[PDB]
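Peer 1: Spelled out, the chains give:
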Amino acid sequence: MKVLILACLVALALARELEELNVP
Amino acid sequence: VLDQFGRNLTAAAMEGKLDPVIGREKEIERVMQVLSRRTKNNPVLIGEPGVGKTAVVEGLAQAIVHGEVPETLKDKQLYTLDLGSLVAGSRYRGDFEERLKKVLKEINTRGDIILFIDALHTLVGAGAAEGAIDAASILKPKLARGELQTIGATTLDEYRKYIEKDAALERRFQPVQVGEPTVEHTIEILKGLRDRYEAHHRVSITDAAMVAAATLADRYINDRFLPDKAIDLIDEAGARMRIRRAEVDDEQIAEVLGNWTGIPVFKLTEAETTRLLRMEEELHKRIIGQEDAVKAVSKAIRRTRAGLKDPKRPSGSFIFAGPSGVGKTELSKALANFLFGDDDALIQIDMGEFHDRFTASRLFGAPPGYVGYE
Amino acid sequence: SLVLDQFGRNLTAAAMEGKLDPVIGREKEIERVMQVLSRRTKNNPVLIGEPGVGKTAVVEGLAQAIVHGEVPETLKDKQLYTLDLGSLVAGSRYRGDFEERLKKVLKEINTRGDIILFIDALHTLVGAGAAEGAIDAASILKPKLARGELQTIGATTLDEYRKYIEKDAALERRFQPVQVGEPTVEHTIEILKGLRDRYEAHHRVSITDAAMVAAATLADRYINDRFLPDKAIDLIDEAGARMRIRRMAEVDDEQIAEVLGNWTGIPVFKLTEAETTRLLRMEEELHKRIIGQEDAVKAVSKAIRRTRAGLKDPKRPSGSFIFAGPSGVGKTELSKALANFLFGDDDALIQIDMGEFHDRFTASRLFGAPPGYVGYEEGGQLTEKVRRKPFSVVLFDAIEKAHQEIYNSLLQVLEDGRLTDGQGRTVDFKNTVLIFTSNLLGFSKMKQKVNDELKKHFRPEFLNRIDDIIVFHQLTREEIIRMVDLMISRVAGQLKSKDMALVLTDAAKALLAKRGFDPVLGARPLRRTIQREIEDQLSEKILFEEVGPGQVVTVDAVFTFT
Amino acid sequence: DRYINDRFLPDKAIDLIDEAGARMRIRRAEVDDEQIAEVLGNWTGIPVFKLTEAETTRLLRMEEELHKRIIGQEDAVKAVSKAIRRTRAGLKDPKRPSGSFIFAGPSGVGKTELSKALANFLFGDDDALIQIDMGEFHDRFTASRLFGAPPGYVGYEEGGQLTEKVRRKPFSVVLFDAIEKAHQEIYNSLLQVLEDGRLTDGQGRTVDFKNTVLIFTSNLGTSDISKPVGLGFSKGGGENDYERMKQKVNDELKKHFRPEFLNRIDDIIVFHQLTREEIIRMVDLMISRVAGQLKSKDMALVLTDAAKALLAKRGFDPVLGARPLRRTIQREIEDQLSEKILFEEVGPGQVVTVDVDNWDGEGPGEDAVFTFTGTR
Amino acid sequence: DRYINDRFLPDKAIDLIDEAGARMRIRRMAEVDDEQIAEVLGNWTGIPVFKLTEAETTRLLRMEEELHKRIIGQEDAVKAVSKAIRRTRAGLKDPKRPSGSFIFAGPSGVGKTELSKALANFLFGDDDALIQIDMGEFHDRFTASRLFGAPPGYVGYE
Amino acid sequence: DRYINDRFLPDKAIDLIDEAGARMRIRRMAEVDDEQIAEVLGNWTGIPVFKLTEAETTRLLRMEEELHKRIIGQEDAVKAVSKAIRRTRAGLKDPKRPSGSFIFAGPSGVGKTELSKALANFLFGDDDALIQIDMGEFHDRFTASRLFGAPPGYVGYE
Ligand SMILES: Nc1ncnc2c1ncn2[C@@H]1O[C@H](COP(=O)(O)OP(=O)(O)OP(=O)(O)O)[C@@H](O)[C@H]1O
Ligand SMILES: Nc1ncnc2c1ncn2[C@@H]1O[C@H](COP(=O)(O)OP(=O)(O)OP(=O)(O)O)[C@@H](O)[C@H]1O
Ligand SMILES: Nc1ncnc2c1ncn2[C@@H]1O[C@H](COP(=O)(O)OP(=O)(O)OP(=O)(O)O)[C@@H](O)[C@H]1O
Ligand SMILES: Nc1ncnc2c1ncn2[C@@H]1O[C@H](COP(=O)(O)OP(=O)(O)OP(=O)(O)O)[C@@H](O)[C@H]1O
Ligand SMILES: Nc1ncnc2c1ncn2[C@@H]1O[C@H](COP(=O)(O)OP(=O)(O)OP(=O)(O)O)[C@@H](O)[C@H]1O
Ligand SMILES: Nc1ncnc2c1ncn2[C@@H]1O[C@H](COP(=O)(O)OP(=O)(O)O)[C@@H](O)[C@H]1O
Ligand SMILES: [Mg+2]
Ligand SMILES: [Mg+2]
Ligand SMILES: [Mg+2]
Ligand SMILES: [Mg+2]
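Protein chains in written order, with PDB author numbering: chain U, 1 to 24; chain E, 170 to 414, 477 to 605; chain D, 168 to 415, 477 to 668, 679 to 683, 693 to 803, 816 to 821; chain C, 387 to 414, 477 to 824; chain B, 387 to 415, 477 to 605; chain A, 387 to 415, 477 to 605.
Calculated directly from the structure, the hints in this document are not laboratory data. Each hint should be verified, as a subset may be incorrect.
Unchecked claim - With a straight-line Cα cutoff of 25 angstroms, these simulated BS3-like cross-link-like pairs (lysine-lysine) come out:
#	chain 1	residue 1	chain 2	residue 2
1	C	543	C	498
2	E	334	D	330
3	E	530	D	703
4	C	516	D	543
5	E	540	D	564
6	D	270	E	270
7	B	530	B	543
8	E	243	E	186
9	C	788	C	745
10	C	788	D	703
11	D	543	E	270
12	D	186	E	270
13	C	398	C	516
Here chain U stands alone, though its shape is the one from the complex:
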């Protein structure tokens, strides 16, 4: 009779640090 509602964990991460290209 019962239903278990589980819990779909989503993949959530902080924004990526980037590495820069230099122009002198």
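Given chain U, work out where chains E, D, C, B and A with the ligands should sit, using these hints.
Peer 2: This is chains E, D, C, B and A with the ligands only, laid out in the frame that chain U set:
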């Protein structure tokens, strides 16, 4: 706060740009009561979308510039803060935190800033998540000390999902209930907003229209809320007057409302009394034959709507007995299209599939933990 | 240092300037975190506690202890910096920025050597500066936290400690959990007595001693979502800020209890002499709504007067009642009358229809699903309706229709005022009025008859916890005559709205009584045969417009209407 | 190793050495086993420290301190006093909880009440009791409210309502109020709790219950208490009262609980019905709650021995005990004071002497009255 | 290949050869035989596969007696778990099956859990080395994800 | 087209032509045939589609006899998995449907898993080449995410 993520509502009230805020004065006094506290002087305007939560703050920002503030809120430059625009542009680490610390540094230097954060439920997990550097955890130290005055504005659902659920954020914020206005309160709002929408549209708006805007939006619109829904009727009727041209009336509001729901202006601009006077002849249009049934339910609705009615009874309860499909649910559809102007008001439950009391927990909802909950 | 100024706030310099609130009390735990900071290895206290209990304040009380020299010699002349992790993430955009700002901060702490670091919201240390390939703030501090070469105070909610710190088990043994408990009432009093200078100066009010005793006593008793220090400070600040708007001033305990009355909705305020007169004449104001039934109207009035006298047990609800009796005699109508007396609204009555709890699997509608299950986060009708309104009248309509295991959920409701929901949040029922309405010979010579039917049906410990079991009279015929006077006044109320009167005769009121009184039900049928045999035949005569304003409708179905 | 299941041996033990050495740096020094146990006592909350003479005498008169809150119930108060004494003498099994009790007996004789008195003894607070109300666990599927949801479900991050309350306070009194009202599967989750001192939560953290006092109050087996004889023919007609009750409760606990649950309980105490001399003392315990609230408004509630005796006559049910006495004081004292405070017949700054103006000095009382005369 | 399933044949086997050769170049200040491979595998998986010391062989033959230092009576089950361990240390257990699968049934209190703790202290010196999954906390089907974990895309998958 | 579902027609087929011409030019150091393409597809997908060698043709003739070296009896079941493998290697199964689909049912312990391991030991030389998906740990509604994977964005999708 810069004029980059928000807007100075105090300077908007200096130049007469904020709309007049009629009523809601128990709430503006309650917001001043929170903002005058020493610690955690942070009200949350809890309401529904369009009940006038921003208008309480617009009314507060008017009360600051008119000197009606209790020498704790005097000369407070109240800024909004679009957290949506503050998150927008964060694709790299530290973008959001930098734009928020610049705002927070600007409030620290000036010391006379009241934040208005519309959609304060966005504050939870604005940067990443609850346990992460988000906008909540950045502001939580200064909100707990009264050093950052912030007026929030959530709905009742969003306050319960995000601020009450977040431990160590429910304390920082003080709930200020902004309820939906009544119809008579909304007419007082519209009469206060009369000079704004008459001057904008260059179209005279009458008292008949503003009573019609507040009454018919409460009846015919039920996904939105009074203050806004009724202002939108006044605003759209004055706009559609400009595409016809000098005067917005009762019938002009019913036209621009009929274009939203699909009710014919007639069924909007009517009068219950006449509205149900030629009820029989309009219910014959899809029921021909079995005429004593139509005249019985037309008499019954005209008894149990017109004149006297207790508010502790439905508009009519009926047992339709007899042979199937001879006009049983055909009359109820014909009554529904008469009801307020929409045929899409008939709901068949089809109780033939039910031969169980356990399926009554699959008709009125399940107990939580069981099937039939959605 | 100037690196620590842009990524931190010096609380030691803030305590020199007197910008931190005095921490009066909490000396046993400032002593505790000075022990942890004095350690050789792992000299890092995390202050775990509920939201409000003063976790940030203890560190502010430590910073005031450093500037006063009340610390040991190994803590003297320490500059305590509230490290802003958000400011360190700020200004990073690029790979290695946040790591460089941390190494610059840790270089300054190593160079000066007099820095106590304070990471408020230590749960935000995991995932701080985390990104495309970024060493997070936690992984950089962990070699220094483990060896005692960085003295970092943390402060975390107990919820945020189990969710975020304990999920990084290498970081939870970098820190010593210092329990920052919520204070007692007498400790909260002494906090308020020490914070009275900051709040009398901010609001320019004069906060009396009984106001601060009442702010701590009434907050522990009537506020159950916040924590002792705050909840009581909240009553002091909102009272001083309400008096700030009144002068647009002395803050007594009646100013505190008025603020609590506006905020929890629990009438706790000092009694108005007109409100006491309302409570003393409660029965005859409840007799305006309901006719007869005196041994209940006298008995629910004793419960409310016991609450407003401050004489109820604070560990039990305001009133617990079996409204036992025959059908239709006003079991629900008194519960609505009591809800109108206390709120002015029938819809303030929390009516729990116990008929639809007929099986034993619907009890999660009361208290929510357990974890795992559907409606775990939206769980509990009865718990959430009283978490929002603690002072309520909760009606359990037709209590015998429910399964007998639904009562066992409500046992500690009656005795302890507790109903822990499925989420685990205990909901305060200590201010509710719990009402259980229940529809449930020979040669010789109703209260004895009904009370034995309760002892047969209900559990002996359920009836043991009911404060008053009230058997209801079947309404006599002359009490039906006084009810038809009451039920035409709804019709006559909205007829005087049209300026027309409705005067009945003795034959009309008797004929309604003969058609309304049943041995089966009673009065319920009377409500029907007035709105079907008076109100319907008036409504169509308004439709016919043979009546009008300035008319009287005498009445003698077979009723006459002029 | 014994009193921590959060951390690991090298550090956990270094933390005790290092913080006791740092606590002595505040004092000045020698770090002995006493100062280690004081650090561990301040950290875990578990009292393992050397008993002072002010507390050694207090544990010896533990029954006398619990009898300030519990009237009668001698074998009940002795049993939980022996549990705390063998815990603080260092004689308990370190693999098992401090005490596992079934408080059984009739309604209103002090089952839930001794659990609050024991938590008030050990902590100074009735609210330090972890009161798990087992009546709302009659559904079989509410066992996850004890340990949490398993992986993949909601309430997996909020894992445990019982496991988390004892992760905070490993030394606590955990009350399982009305254990017979739970499903059979609920106390089967508590079998590891009673014998091994373990309850692994939803996330997989085993919580030490080895320092808890587990109390299972129970109304089970008391339905003949309203009857003086049985249905059958009997040889005797004396006072096997309680006696048959202790037999009937033990029979009905064996029927309702699996024998391995009752095997793991340290003591099943069947409680006495409250006698008449205990209801007389229960009046003083229940007037003092009302008198304590009048002192909040500066009123002294003084009852004479005539009024205290009449409350004991009016409020003596042998079947229930002390809840009809509470309801008697509610109806006869509190409700009449709730009038007279609101009328200003009695008021703040007055002593309210409660007398009886009608009656004999030992009669039953059917026409008697309480008179509330205000003085000062 | 038998005692590892986290690594892959070429490497894991080279791991045993390289580390046994590296253990022997520590002992010589020299020959790597199969006993030195099994010492390295026993140090690394924790599985005793090495050649049996005569003191340990005596301890395994005197297993029923040394489990009776903690288990009074119950000699049917003390010898049953002793036959399982001796079958493992003789290398006569089925490599596809576990070392022994037992249902200790009977009445309450007679030493079913205590023999499991006595067997764990025999094999490890600590009865807290017993992996004790108390099955009373499994009350409905959905707690099986405590044993093997959450499936992908649910909380506690990691 | 038939034996790839991860690549696209133009190259997938130029992959077979080019690598067969490359396998052929290692042999002359000159005709790429039908059979030379299927040898390359056999090396690359791992699917035996190539023409059966004489040692392997008679091995499928005696396959029921070779499965009976590892399973005793169960002749109706060894034949029915023999009818299925020999349909596949005769290029003769329906290519819209798996090569064999079987319910092995019956009493516990009579060789249902043993035949599946023997069939995998036939076709691959090792019974750990059996993809053994033990369905008893899938009695939850949502452990189907272990079979097909999490949807994208939910943890463990990758
Ligand atoms: N011992 C104390 N003495 C004086 N004031 C105190 C004390 N403890 C707490 N307070 C006051 O209580 C209020 C809340 O304290 P604080 O914000 O430090 O709590 P917290 O537990 O850190 O909160 P959160 O976890 O939500 O950040 C502040 O006004 C603080 O000054
Ligand atoms: N004493 C009364 N005074 C006023 N109205 C009453 C009274 N008794 C019954 N009524 C009328 O009864 C109707 C409501 O039913 P009521 O709440 O009395 O039912 P009840 O006594 O709870 O019985 P049941 O449990 O069978 O519904 C209303 O019409 C109400 O006016
Ligand atoms: N032996 C006792 N000593 C002191 N007070 C008691 C005693 N028995 C009952 N009381 C009083 O009676 C009230 C109910 O007590 P308690 O909850 O212990 O009864 P109970 O036996 O637990 O009830 P039930 O068994 O039905 O749950 C309490 O307020 C308590 O003050
Ligand atoms: N055969 C035994 N030899 C030694 N001690 C024993 C024996 N049986 C029981 N004990 C002692 O009694 C305690 C409880 O017994 P144990 O839990 O091992 O029994 P059990 O049969 O597993 O019980 P249950 O089935 O109820 O879990 C043990 O920890 C030990 O102290
Ligand atoms: N027909 C058989 N031929 C050879 N060995 C067999 C046979 N049946 C069982 N065995 C032996 O018994 C072991 C276990 O039996 P197996 O698992 O194959 O039986 P099953 O019927 O598939 O099992 P279950 O019915 O429990 O799912 C096999 O690995 C093998 O050693
Ligand atoms: N009391 C009021 N007086 C005048 N206009 C009001 C009032 N309350 C709401 N309004 C108007 O109705 C609309 C409500 O929107 P807004 O103020 O943003 O509230 P919310 O945030 O609840 O949607 C706006 O056009 C606002 O100006
Ligand atoms: Mg804080
Ligand atoms: Mg009713
Ligand atoms: Mg066992
Ligand atoms: Mg098998």
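Peer 1: Is the Cα-Cα distance between residue 398 of chain C and residue 516 of chain C 25 angstroms or less?
Peer 2: 40 angstroms, violated
Peer 1: Sort out whether residue 703 of chain D lies within 25 angstroms of residue 530 of chain E, counting only the CA atoms.
Peer 2: Violated. Residue 530 of chain E to residue 703 of chain D sits at ~50 angstroms, over the 25 angstroms cutoff.
Peer 1: For a C-alpha distance cap of 25 angstroms, please report whether residue 788 of chain C and residue 703 of chain D respect it.
Peer 2: Given that 25 angstroms is the threshold and the Cα spacing comes to 38 angstroms, the pair is violated.
Peer 1: Under the criterion that the straight-line Cα-Cα distance not exceed 25 angstroms, is the pair residue 243 of chain E, residue 186 of chain E satisfied?
Peer 2: 19 angstroms, holds
Peer 1: Below or equal to 25 angstroms on CA atoms is what counts here, so check residue 543 of chain C against residue 498 of chain C.
Peer 2: 21 angstroms, holds
Peer 1: Compare the distance between the alpha carbons of residue 186 of chain D and residue 270 of chain E with 25 angstroms, and conclude whether the hinted pair is satisfied.
Peer 2: 21 angstroms, holds
Peer 1: Is the straight-line distance between the alpha-carbon of residue 334 of chain E and that of residue 330 of chain D 25 angstroms or less?
Peer 2: 14 angstroms, holds
Peer 1: Does the structure keep residue 540 of chain E and residue 564 of chain D at a Cα separation of 25 angstroms or less?
Peer 2: Holds. Residue 540 of chain E to residue 564 of chain D sits at ~20 angstroms (cutoff 25 angstroms).
Peer 1: Are residue 530 of chain B and residue 543 of chain B close enough, with their CA atoms no more than 25 angstroms apart?
Peer 2: Status holds; Cα separation ~18 angstroms.
Peer 1: Given the hint that residue 516 of chain C pairs with residue 543 of chain D, does the C-alpha gap stay at or below 25 angstroms?
Peer 2: Within the cut-off at roughly 19 angstroms; holds.
Peer 1: Are the Cα atoms of residue 788 of chain C and residue 745 of chain C separated by 25 angstroms or less?
Peer 2: 14 angstroms, holds
Peer 1: Given the hinted pair residue 270 of chain D and residue 270 of chain E, is their alpha-carbon gap at most 25 angstroms?
Peer 2: Satisfied, since the Cα-Cα distance of roughly 21 angstroms is no more than 25 angstroms.
In summary, the numbered hints that this structure violates are 3, 10, 11 and 13.
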